[PDB]
Structure formats: structure tokens, C-alpha cells
Amino acid sequence: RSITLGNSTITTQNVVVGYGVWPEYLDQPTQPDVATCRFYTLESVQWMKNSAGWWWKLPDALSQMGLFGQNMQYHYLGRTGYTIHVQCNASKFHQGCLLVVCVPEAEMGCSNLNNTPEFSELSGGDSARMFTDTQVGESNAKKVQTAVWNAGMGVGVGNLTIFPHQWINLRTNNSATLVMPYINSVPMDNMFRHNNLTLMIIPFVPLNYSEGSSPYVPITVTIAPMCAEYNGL
Amino acid sequence: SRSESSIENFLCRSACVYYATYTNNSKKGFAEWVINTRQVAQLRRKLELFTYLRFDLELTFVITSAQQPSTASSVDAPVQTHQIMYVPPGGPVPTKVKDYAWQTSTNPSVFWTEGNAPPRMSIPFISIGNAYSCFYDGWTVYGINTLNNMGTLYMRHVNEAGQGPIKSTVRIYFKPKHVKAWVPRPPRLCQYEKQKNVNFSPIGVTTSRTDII
Amino acid sequence: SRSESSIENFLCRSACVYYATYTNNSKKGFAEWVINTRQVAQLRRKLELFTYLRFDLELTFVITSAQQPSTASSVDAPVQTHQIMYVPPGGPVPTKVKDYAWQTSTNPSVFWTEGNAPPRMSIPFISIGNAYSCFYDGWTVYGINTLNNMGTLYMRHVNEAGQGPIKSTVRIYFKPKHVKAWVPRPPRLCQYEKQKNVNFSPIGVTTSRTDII
Amino acid sequence: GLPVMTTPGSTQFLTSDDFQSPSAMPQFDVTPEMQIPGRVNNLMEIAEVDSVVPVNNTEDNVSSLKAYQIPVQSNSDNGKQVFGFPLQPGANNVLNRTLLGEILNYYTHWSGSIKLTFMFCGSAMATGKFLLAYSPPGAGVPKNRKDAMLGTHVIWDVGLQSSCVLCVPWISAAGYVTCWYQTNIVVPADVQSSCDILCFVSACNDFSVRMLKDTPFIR
Amino acid sequence: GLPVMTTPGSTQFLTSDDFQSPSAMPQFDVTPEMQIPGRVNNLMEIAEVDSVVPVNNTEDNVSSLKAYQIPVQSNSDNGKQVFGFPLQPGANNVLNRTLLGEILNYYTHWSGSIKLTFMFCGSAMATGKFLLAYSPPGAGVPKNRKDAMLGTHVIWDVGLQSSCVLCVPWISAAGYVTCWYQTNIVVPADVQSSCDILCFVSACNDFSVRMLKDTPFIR
Amino acid sequence: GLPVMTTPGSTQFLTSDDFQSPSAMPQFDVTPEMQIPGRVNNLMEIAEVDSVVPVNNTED
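Protein chains in written order, with the authors' numbering: chain B, 14 to 26, 30 to 42, 51 to 257; chain A, 58 to 197, 204 to 276; chain A', 58 to 197, 204 to 276; chain C, 1 to 172, 186 to 232; chain C', 1 to 172, 186 to 232; chain C'', 1 to 60. A prime marks a further copy of an entry chain.
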């Protein structure tokens with residue numbers, strides 16, 4: 014309860033950590057920790073009745089977020105870990121179920137069968153791109169095939185529990201918490217041409233309420249980088 | 058009986074990945090294959106369960122001959138000999154049958170006469186990174208990952224024939240060794256559309272039945 | 058990773074140095090190669106980094122056949138056999154196919170039928186001096208150095224054919240062993256003009272840019 | 001010299017052999033290892049995790065997210081079948097394309113048991129009771145709640161616990190996991206009544222797979 | 001007798017093999033060794049020495065000895081770029097044909113650092129001051145003396161010391190070694206003002222080369 | 001390398017030989033044994049039991 018990092022404080026009360037490992041450290053690298061280890065809270069999305077899902081690219085969403093956006097442009101390489109706090113606040117009269125996954129290397133596929141999706145359609149800088157429950161038409165310029173039941177990666181959406189995940193069931197639970205290490209083939213990689221993670225939120229059992237209750241449940245995603253180190257003189 | 062599901066017993070198998078023809082007289086008969094994992098649709102699905110792999114390689118070639126229709130006058134040929142050149146990542150590339158790139162020094166090539174055991178050879182783990190990457194969410204063009212590039216294979220005759228044409232096929236076999244796998248992923252549901260990327264058309268999750276009961 | 062720049066891993070490689078043709082019926086078909094280091098332009102540059110070398114030698118020959126157009130009437134030939142004679146420095150030298158110098162006793166020669174493994178052989182370090190000399194500033204004619212002279216190789220058939228002519232090519236491969244190098248020198252900038260000497264035409268030092276800034 | 005004598009089967013290429021091979025590129029000094037998290041030593045470790053089961057196919061939910069939701073409403077009939085599916089393996093059933101049934105279609109002989117985790121994805125004010133009857137291989141499917149009660153079953157109280165776990169063997186009739194209404198869904202004012210249920214499947218103890226084959230989910 | 005069984009890959013000629021070979025001329029009793037000075041055990045020992053760098057190409061000094069001289073004169077402008085060259089490897093830069101860049105074009109993967117020795121080849125009565133700014137990979141080239149001062153730099157006093165040594169990593186943008194005027198060249202009477210500067214390059218620590226290839230400086 | 005010299009009778013298929021053979025399917029982990037009653041180690045154990053003799057043939 015009331016954990017603080019740097020000059021920011023959140024409030025909690030179960031945490032699932034990575035693939036079993038805690039994030040730790042390793051020309052020579054420099055290790056900054058004061059101006060990066062803090063809670064960057066993204067703005068809140070609205071979960072309505074006919075919602076489909078959201079996704080963020082993780083070393084892209086904090087690209088304009090304070091001094092962490094300055095270390096992405098001034099330094100060439102770098103490696104980070106993450107600590108993702110998801111919490112949605114609903115009353116006892118609402119119902120639903122979310123699935124919160126953190127997929128490493130989520131290569132997505134274009135709607136046009138010959139091209140690859142362009143840069144603005146894969147990742148929004150601290151703004152969630154959204155799923156659909158239909159198909160996206162092929163004859164357009166360039167967009168992501170974002171049918172939710174195939175998760176945009178050509179794979180059955182029920183089997184997405186093999187990646188490190190956590191359930192948010194509004195009957196019993198309220199929040200999720202993930203701690204993710206650095207998973208890449210090279211020990212230190214570029215932070216502009218590569219997104220090594222992907223945070224997905226998919227409503228399996230959709231929201232329901234009676235007439236009179238508030239028709240939306242806001243979700244709040246709070247990310248804090250752990251054990252970051254860069255490469256420079 | 059739980060040991061046949063180990064990674065060594067699941068991925069160290071042999072598979073026919075390529076099949077090409079080339080003849081000697083036609084001034085452009087030589088084979089070509091960029092070594093990759095996304096060639097045959099079945100081995101691609103067995104390696105797309107994992108994200109990062111790291112294996113050695115062991116290749117075997119089954120080369121056979123076939124006599125093309127010559128003109129006349131009692132054709133009789135000696136035993137043939139083939140050359141299978143391996144180009145490392147970032148090496149010289151041939152374009153014709155008679156070229157400088159065949160006679161180079163840093164490309165290891167095998168020489169093999171017909172009527173013997175097939176010419177095996179083994180390629181080590183060549184990369185700058187610490188593992189191969191079966192998936193890549195990032196730009197180099205989206206989703207290419209120039210770091211796992213294993214090389215190219217080239218085949219040709221080394222006999223010049225004056226009285227009869229001869230064409231030949233070649234079946235390249237593929238066998239990983241000392242495999243290590245990391246970061247397991249869900250198996251692919253949709254069909255494979257292209258070779259380079261992960262494009263698809265959306266299909267239903269499971270084959271349907273009449274009712275819930 | 059500093060061991061692949063050792064002298065053993067830098068110079069003990071295989072290279073195609075010679076390629077010659079000879080036929081049996083033409084009364085002057087036999088090959089000839091004076092063994093030297095200045096044949097191919099790439100291996101000459103890798104050995105001109107040092108002044109004094111000392112290595113054993115190991116040679117491999119890839120001999121193949123080709124049927125020339127005969128006259129008529131159902132040509133059929135048995136398996137061919139080749140003889141690869143090595144002449145030491147200061148030995149008898151043949152001039153015709155049927156000559157006394159082939160049947161001598163001090164020239165070690167290999168005999169090889171077609172359809173088998175290629176005929177390797179290994180030549181030791183033969184010299185009076187304690188090292189080979191890649192450069193020589195002195196007269197014997205300027206810059207010859209008669210002390211490092213390794214010998215000559217000769218190839219011919221040992222079958223007489225009555226119904227069909229057969230020509231054959233041969234690719235001599237070159238591989239030093241147990242190399243020792245002394246007195247390192249700067250790499251050559253200009254192109255190679257001749258085989259015997261160090262003649263050149265002067266060229267600029269580096270490719271030019273627009274300005275200093 | 002040393003006299004040898006070759007046996008039959010000498011110059012042949014058996015595809016499943018194990019011989020030493022000449023290395024094409026020696027003297028390379030390859031890249032050493034790096035400790036990457038999440039190493040898989042055995043393919044059963046993929047089958048041990050739980051996955052959602054599409055038990056609501058019905059010909060137009062398969063291209064949707066409605067395949068995983070079991071519709072539960074408060075009806076007027078006293079006792080009714082909620083769902084039911086056989087465990088007959090591979091015959092177009094609902095455990096076919098899941099993460100368990102995706103690995104077991106690579107092998108032809110397998111044997112083990114199964115965890116069947118359920119979850120009530122409804123409100124916190126709604127209560128109810130459910131039966132979870134399991135019929136053995138050989139016994140028929142129960143056609144009524146009463147003789148579904150006489151077989152082996154678990155009565156699931158929704159207001160007390162929100163998840164019921166069931167262990168069951170599965171072999172290569187083969188069983189039924191029919192589920193029945195006990196009572197209706199009691200609900201207060203200004204709460205919706207139509208709730209839903211998810212279904213999970215996993216591997217409880219060690220499966221034993223043998224005789225690998227290729228997968229039939231391909232062209 | 002002894003039963004053998006040949007594997008595939010038996011009668012083949014792999015060019016990079018290592019087998020014993022039949023000696024053509026035994027019984028020779030070869031010439032023994034003699035201790036010759038200057039034995040090279042490793043090719044890095046050639047790359048450790050220093051060589052002059054032709055940083056003054058400009059399209060007509062390449063066929064001359066003017067390629068190695070940096071022209072330094074006492075101008076009237078306050079602050080000006082003396083020279084500057086990238087460290088982008090092999091893209092027609094000035095470290096290409098030197099003794100360091102001649103060995104590293106035989107290998108495709110290399111990594112290490114670099115000594116950059118300078119020397120003022122002028123009179124003993126002339127003084128001055130110079131900046132030696134190094135921009136990292138990713139940062140741009142400085143367009144002005146002031147933001148070349150804010151990056152990492154070394155102020156080189158000519159009247160005190162005659163040589164400045166600079167260490168810098170070099171990998172396969187990639188950096189800039191721009192050099193700027195601080196003050197003008199003060200000079201007494203009857204001394205010439207146009208002095209020159211040489212530039213040296215070497216290998217500071219151990220490079221790590223891998224994956225040998227053939228050189229591209231050939232027909 | 002190691003110098004060998006093949007004797008006569010090298011590449012022949014004698015039907016009553018005994019050589020090791022390359023296994024077609026390794027890595028199988030076969031079914032273990034089960035104690036079944038009535039194991040026959042030798043064919044004489046069939047001949048030791050008694051049988052009725054047809055000593056009254058007489059053609060019909």
C-alpha cells in the first residue's frame with residue numbers, strides 16, 4: 014500500500033512476475057536510475073458495452089513521457105524492464121471479464137495481403153489503438169488486420185494465456201500487475217526501430233449493467249521502468 | 058513415456074525443403090537457394106511455436122541425373138561430378154555458370170562424383186546475436208531482421224558435354240542439431256499466405272457444431 | 058574472439074590456382090604447371106604481407122572428363138586412368154606424351170582411376186635456405208631468387224583410345240600447412256601487372272572526396 | 001593393412017540416422033550464449049497452462065468472441081441443460097483447437113488426465129446453484145437432472161465460490190461433461206440477470222505421448 | 001574381418017577439411033630452422049602500429065604527398081572548422097586504405113577502440129589552441145564552435161605539447190572527429206605562419222575479428 | 001588417415017549373417033514387458049507332452 018518511486022505515488026492493496037525472473041542489470053554502459061524510475065500513468069480509456077480491445081507498444085508509448093523520451097533520442101542503444109499496473113474501477117452492480125497480456129515480439133499482419141502495415145497504424149504514442157469485431161477491408165491503402173478473435177497475429181485468441189497474463193474479473197478481482205524482464209536476442213538493442221513488448225487488453229465477457237448505472241468503466245494503465253541502462257559517453 | 062516430447066526429439070528431424078533442376082548446356086543452368094526456415098509450410102509451423110531458437114545445421118543432398126534427348130551418333134558419357142558451393146552471409150554471389158565467384162577461396166564447396174554416398178556437410182551457428190529470431194516486431204521495411212541470415216547454396220556441373228545434354232535434380236535435406244528453444248508461443252490457426260511476412264485472412268476459431276447441447 | 062586472426066587460420070586455406078585441358082589423341086595433350094605463389098591475384102596479396110614464409114604443401118586435383126565428337130559406330134570406353142607426375146627441382150622434364158621422363162624412378166607420380174575420391178598428395182618443405190623468400194632485392204637478371212623453386216607438375220592419360228577422343232580438365236588446389244611468417248610488410252596498393260616482377264603504374268592513395276570538411 | 005569387410009547398408013542415406021558430419025566452416029569461434037528467460041526443455045510445459053475452450057460454436061459464433069461465452073439466464077423451467085460436450089477425441093469437438101489439443105495432434109498415442117476449470121463471469125449480487133455431471137466411458141448421457149444427480153457430480157454454489165475445478169481422465186464413447194441447472198439465478202433490483210461462464214482446460218498430471226506424426230491442421 | 005559401414009559424405013572433397021595426407025617425398029631430411037628476427041604470430045600485431053591518414057584528399061592531392069597534410073593558417077575569422085571526417089566504416093572514408101583499414105577489410109565482423117594520434121609539424125616559435133570534438137553515434141555534427149564545446153572535447157595547446165592522443169570506439186551514423194580553431198596562430202617576426210598537422214591511427218585495445226572474407230580492393 | 005584394405009566377400013548379402021543394423025525409428029521408447037504365463041524357451045517343451053496316436057486309420 015502507497016508505494017512511491019521518485020516523485021510519484023500510487024496506491025495498491030497479487031503480482032505475476034515475468035518468466036520467473038526478476039529484472040536486473042547486466051564501450052561501457054551508463055546506469056541512470058533517478059530520473060527514469062517513476063510511474064508514467066497513461067490517460068484512461070473507456071470500456072463500454074460494445075467494446076473490442078486495446079493494445080499499446082511498450083517502448084513506444086513512453087517516447088514523449090518526460091526524461092525517458094530524452095534518453096531514447098540522445099542515446100543510441102539501451103535495455104529496460106517494466107512494471108505494469110492495470111486497474112479499472114467499477115461498482116458491485118457491474119459485470120465483465122478482461123484479459124491482460126504482455127506479449128513479447130507481437131509481429132502483426134496487414135489487411136492488404138501484399139504489404140506490411142505502415143508506421144502510424146501499428147503504434148500510437150501514449151494513445152491506444154483499438155481492436156474491431158469485424159474484418160478490415162483489403163483494397164485500402166495500408167492498415168492492420170485487426171479482427172479481435174484472431175488477435176491480429178493470425179492465432180486463435182483463446183490461446184493467448186501462454187504469455188504472462190492475469191485475469192480481471194469484476195465479481196472478485198479489480199486490478200492486475202505484471203513485472204516483465206528484458207527479452208531480446210541481443211543484450212542491448214535500439215529503442216526506436218524495435219518494440220520488444222506489447223500490452224493487450226481484451227474483454228472476453230463484455231460489460232453489462234442495468235438502466236441507471238454509469239455506462240462506462242475507465243481503465244488506468246501505469247507503467248514504471250525497472251533497471252534501465254544505456255550506451256554512451 | 059515422457060521423453061519423446063523433448064525439444065531434441067521434436068525438432069531434430071530431416072525434411073525435404075528444396076527441389077530444383079539444372080542442366081549443363083543451356084548457359085544458365087545452376088541452382089540457387091537462400092537458406093531460411095519459412096520454405097515448407099509444415100516445418101514453419103513446428104518452429105513458430107518458439108520465438109528464439111539456436112541450432113547448428115546439417116544438410117544432405119540427393120543428386121540424380123537424367124539424359125536429355127541428344128541428336129544422334131552413339132552418345133556415351135563418363136561419370137558426372139557436381140559442385141555445391143556455400144556462400145557465407147556477406148560473400149560473393151555468382152550470376153553465370155562460368156564466373157569468378159566459383160573459383161574463390163573463402164566459400165567452402167564440396168565436390169562429388171555420381172554413384173557414391175550422398176554429400177553431407179554441416180554448417181555451424183553463424184550470427185552476431187545470441188539466438189536466431191523467428192519473429193521480429195520492428196523495422197530493418205517492417206519485420207525483416209537482417210541479423211539472422213544464414214547464407215546461400217549454389218549447385219552446378221563441372222563437366223562440359225559435347226554430344227549429349229544432361230539435366231539433374233537436387234533434393235536438399237534439412238536437419239537441426241543441439242537445439243535450444245526460448246519463449247514458447249501459441250500455434251498458428253490461419254493458413255500461410257506469403258513467405259516473407261505474417262499476412263493472413265481471418266478464419267473461424269473452431270469447426271462448428273449444431274447446438275451447445 | 059581474437060584467434061581467427063592467427064597465421065594458421067589466415068593462410069591455411071584452399072584455392073583454385075590452375076586450370077588446364079588436355080586430350081589423349083592429339084599427340085601433344087598433356088598439362089604443365091610450374092609451382093609458384095604468384096599465379097592468382099588474391100593469394101599473391103595474402104602472402105605479400107610477409108617477406109619470409111615457410112610451409113609444407115598439400116595439393117588436391119579434381120579431374121573430370123568430356124567426350125569429344127567421334128566419327129561413328131557405337132563408341133564405348135572403359136574407365137579412364139590419369140597420371141600426375143611431380144618433378145623435383147633439378148629433375149628430368151618431358152616434352153612429348155611418349156617420353157623417357159615419364160618412366161623414371163625419382164619422380165613420384167600418382168595413378169588414379171575415374172569415379173573415386175580425388176587424388177590428394179603432400180609435398181614437404183624443399184629448399185636449401187631456411188625459409189622461402191617472397192621478395193628479393195638482388196640479381197640471380205634482377206629479382207629472381209633461384210633458391211625457392213618448388214618443382215613442376217605434369218598430367219596425362221595412360222589409356223590409348225581407338226574409337227573416340229576424350230579431353231579432360233584439371234583443377235589444382237593449393238593448401239599450405241604449418242605456416243610460419245616473418246618480417247611483415249604493408250599491403251600492395253597498385254594493381255598487379257606482370258607475374259614475374261613487381262612492375263606497376265602509379266595510382267592515387269585513397270579515393271577522393273569533395274572537400275576536407 | 002587393416003582388413004575390413006563392408007556389411008549391407010553401407011552407402012545409404014537413412015533419413016533418421018545419427019552420424020558425425022564434416023563441418024563446412026571450422027575455425028569460426030561462434031557467439032557464446034546469453035541467459036534469455038523462458039527456456040523450454042519439454043513440450044509438455046506448453047500443455048500444462050490453461051486455455052479458454054470454445055464451447056459455444058453454433059455455426060455463427062466461431063467468427064466472433066461469442067464462442068467462449070456460455071449463455072446463462074434465469075428461465076422459468078425447473079431444471080434444464082446448460083451445456084454439454086463429449087470427450088471423444090479429435091472428432092470435431094471443442095477441445096480440438098485449444099492449446100492442449102494442438103500439441104496432442106502431433107502424436108498418435110497419448111494418455112493422461114485433465115483439469116477442467118470453470119469460472120462465473122457475472123455480477124457479485126447474483127447467486128445460484130449448478131450441477132457438473134460427468135458420465136464415464138460406456139455410460140450414456142443423462143437425459144434428466146435426476147439421473148444426472150445419481151452419477152458422479154459436483155454441486156457448484158455460485159454465491160460462495162466463483163470457480164470450480166474438476167479432474168477427469170482422457171484417453172485416445187469417451188465421456189460427457191454435461192452441466193445442469195439446480196435452481197434459478199436470484200438477483201436483486203437494478204442488476205442484470207444474463208450472466209456468462211468461461212471454461213478452461215489443462216493437463217493435470219503427466220501425459221505420456223508417443224509415436225510423433227505430422228499435424229492434420231494444414232493443406 | 002572387421003565389419004565397417006560407410007556413412008554419407010564419404011568420397012567427397014570438402015575444401016575446408018582437415019585430414020592426414022600421403023607425403024609425396026618422404027626420406028628427405030628437410031632444412032632445419034634458423035632464428036630470423038620479427039616473427040608474426042597474429043595478424044593483429046600489424047594493426048597495432050600507427051600509420052598516417054590521408055585526410056586531405058580533395059580530388060587532386062590523392063596523387064601527391066599533400067594528402068597527409070592538413071593546411072593550418074592564421075585567418076581573420078574567429079573560429080572555423082579545420083577538418084572533419086566521419087567514422088562510417090568503409091564508405092569511401094579516409095581510414096579505408098590505411099594499415100588498420102587494410103586488415104579489417106578481410107573480416108566482416110569486428111569491434112574495438114582506436115587511438116588517434118595527432119602531431120603539429122610546424123615551427124617552435126608558433127603557438128595556438130585547438131578543439132578536438134568527438135560526436136557520438138546518433139548525435140549530429142556540430143555546426144559551430146560553441147556547441148562543439150558542449151560535447152566531449154579536448155583543448156589542445158600547441159605551445160605546450162606537440163602531440164595529442166585521443167581514444168575512441170569504432171564499430172562495424187558512426188561518429189565525427191571534427192576539429193576547430195580556438196585562437197589564431199600567433200607568430201614572431203621572420204617566421205612562417207602556414208603550418209601543417211599530421212594524423213595517425215592505430216588499435217588501442219584488442220579488436221575482435223571474425224568471419225574472414227576476401228578483400229574488395231582487387232579487380 | 002587410417003589405411004584399410006578390403007577382403008573378398010565385402011559387399012555381399014549372405015542370408016544367414018549377423019551384423020548390426022541401422023534403426024529406422026529411434027527415439028521411440030517402446031512398450032515395456034508384461035509377465036504373460038506360459039513362456040516357451042525351447043521347442044522340445046512342446047514335444048514333451050503326450051498326444052493321442054491314430055493307430056486305426058483303415059481308409060475310412
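Calculated from the structure, these hints are not laboratory results. Hints are supplied without guarantee of correctness; some may be wrong.
[Said to hold, decoys possible] Dumping the calculated DSSO-like pairs for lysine-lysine here, alpha-carbon to alpha-carbon at most 30 Å: (1) A:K153 - A':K243; (2) C:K66 - A:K240; (3) C':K146 - C':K226; (4) B:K167 - A:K259; (5) B:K167 - C:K226.
[Claimed, not checked] Okay, the calculated bits of chain A' under chain A, using three or more residues with CB under 8 Å as the criterion: (6) 129–135; (7) 171–180; (8) 183–193; (9) 210–222.
[Claimed, not checked] Chain C is nowhere near these chain C' residues, computed Cβ spacing over 10 Å in every case: (10) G1; (11) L2; (12) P3; (13) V4; (14) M5; (15) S10; (16) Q12; (17) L14; (18) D18; (19) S111; (20) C121; (21) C167; (22) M224.
Every residue gets a Cβ at the ideal spot worked out from N, C-alpha and C, and that includes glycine.
Quick rundown of the hints versus the structure:
1. A:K153 - A':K243: violated (38 Å)
2. C:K66 - A:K240: At roughly 43 Å apart (the allowed maximum being 30 Å), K240 of chain A and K66 of chain C break the hint.
3. C':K146 - C':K226: Violated - the C-alpha atoms of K226 of chain C' and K146 of chain C' are around 44 Å apart, more than 30 Å.
4. B:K167 - A:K259: With a Cα-Cα distance of about 18 Å, the restraint between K167 of chain B and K259 of chain A holds, given a limit of 30 Å.
5. B:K167 - C:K226: violated (38 Å)
6. 129–135: It holds: at least three residues are needed, and the stretch 129–135 of chain A' offers 6 whose Cβ sits within less than 8 Å of chain A.
7. 171–180: Contact hint for the stretch 171–180 of chain A' vs chain A: holds, 4 residues under 8 Å.
8. 183–193: Check failed, 0 qualifying residues.
9. 210–222: violated (count 0)
10. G1: Label violated. Min Cβ-Cβ 4 Å, cutoff 10 Å.
11. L2: violated (5 Å)
12. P3: violated (5 Å)
13. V4: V4 of chain C' not clear of chain C: closest Cβ-Cβ about 5 Å, inside 10 Å.
14. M5: Non-interface label on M5 of chain C' violated, nearest chain C Cβ at 5 Å vs cutoff 10 Å.
15. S10: Check fails; 7 Å does not lie beyond 10 Å.
16. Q12: violated (8 Å)
17. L14: violated (5 Å)
18. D18: violated (7 Å)
19. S111: holds (12 Å)
20. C121: Given a closest Cβ separation of 42 Å, the condition holds.
21. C167: At about 26 Å from chain C, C167 of chain C' clears the 10 Å cut-off, so the statement holds.
22. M224: Incorrect as stated: the minimum Cβ-Cβ distance to chain C is 7 Å, not above 10 Å.
Hint check: violations occur at hints 1, 2, 3, 5, 8, 9, 10, 11, 12, 13, 14, 15, 16, 17, 18, 22; the rest are consistent with the structure.
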